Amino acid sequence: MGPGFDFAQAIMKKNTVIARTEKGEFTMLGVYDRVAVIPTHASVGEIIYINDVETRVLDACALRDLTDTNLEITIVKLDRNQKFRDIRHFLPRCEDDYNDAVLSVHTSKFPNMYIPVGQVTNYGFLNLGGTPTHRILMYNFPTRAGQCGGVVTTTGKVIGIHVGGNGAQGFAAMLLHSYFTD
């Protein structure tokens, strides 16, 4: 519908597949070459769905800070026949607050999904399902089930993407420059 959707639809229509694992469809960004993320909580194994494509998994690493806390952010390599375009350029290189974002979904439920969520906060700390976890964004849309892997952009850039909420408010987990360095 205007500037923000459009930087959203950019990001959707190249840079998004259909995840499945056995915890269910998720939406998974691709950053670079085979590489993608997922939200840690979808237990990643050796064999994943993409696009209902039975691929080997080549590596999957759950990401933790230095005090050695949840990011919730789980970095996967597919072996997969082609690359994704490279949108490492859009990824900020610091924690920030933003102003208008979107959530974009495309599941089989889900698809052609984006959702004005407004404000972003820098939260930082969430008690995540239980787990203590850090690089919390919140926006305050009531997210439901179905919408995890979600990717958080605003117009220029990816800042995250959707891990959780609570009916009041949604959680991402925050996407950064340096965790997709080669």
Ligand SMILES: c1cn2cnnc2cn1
The other form holds:
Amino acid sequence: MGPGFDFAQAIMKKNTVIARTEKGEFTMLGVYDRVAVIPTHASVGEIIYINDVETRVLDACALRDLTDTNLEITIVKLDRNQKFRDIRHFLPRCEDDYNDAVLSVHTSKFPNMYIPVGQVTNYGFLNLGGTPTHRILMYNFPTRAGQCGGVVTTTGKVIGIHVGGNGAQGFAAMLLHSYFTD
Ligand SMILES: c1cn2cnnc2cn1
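Given the form deposited without the named molecule above, what does the protein look like in the form deposited with the named molecule bound?
Okay, now the whole complex, with that chain kicking things off.
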């Protein structure tokens, strides 16, 4: 509808796949080469479905900060025959607050879904499903089940992936450039 939705659509149309695990269907962001991210609660194993194709997982790493606290981001390397557009230059370098973000989701249940979530707070600590979690972004939108893995963008930046909500607020795990150095 406007330039925020423009940037979000550009990311969805080239840098997402539908990931299925035994814990459900997730929006999955591809970052570069065969490397993607998904919420750690997706419980990625040795095999995953990518757009309904059986795919070997070459590596999966559940990130934690240097205090050994959950970040809720798993970095997955897929045995896929095709690379993702490199979007690492759209990742923030530092923890920050943002204005006027969009949450985008693409699953079988919620295809081509875009949500203007508004102002994003560097919330920090969250007890997420009973798990102490750091680097949490918060937005004041009543998100629901089906949206986990959804991409949080501003114009020109890919800032997080949706990992939970409390019925009134939604929560994303930050993406930082430093997670994807090679
Ligand atoms: C339950 C589950 N959720 C996932 N994302 N937001 C929510 C809210 N309530």
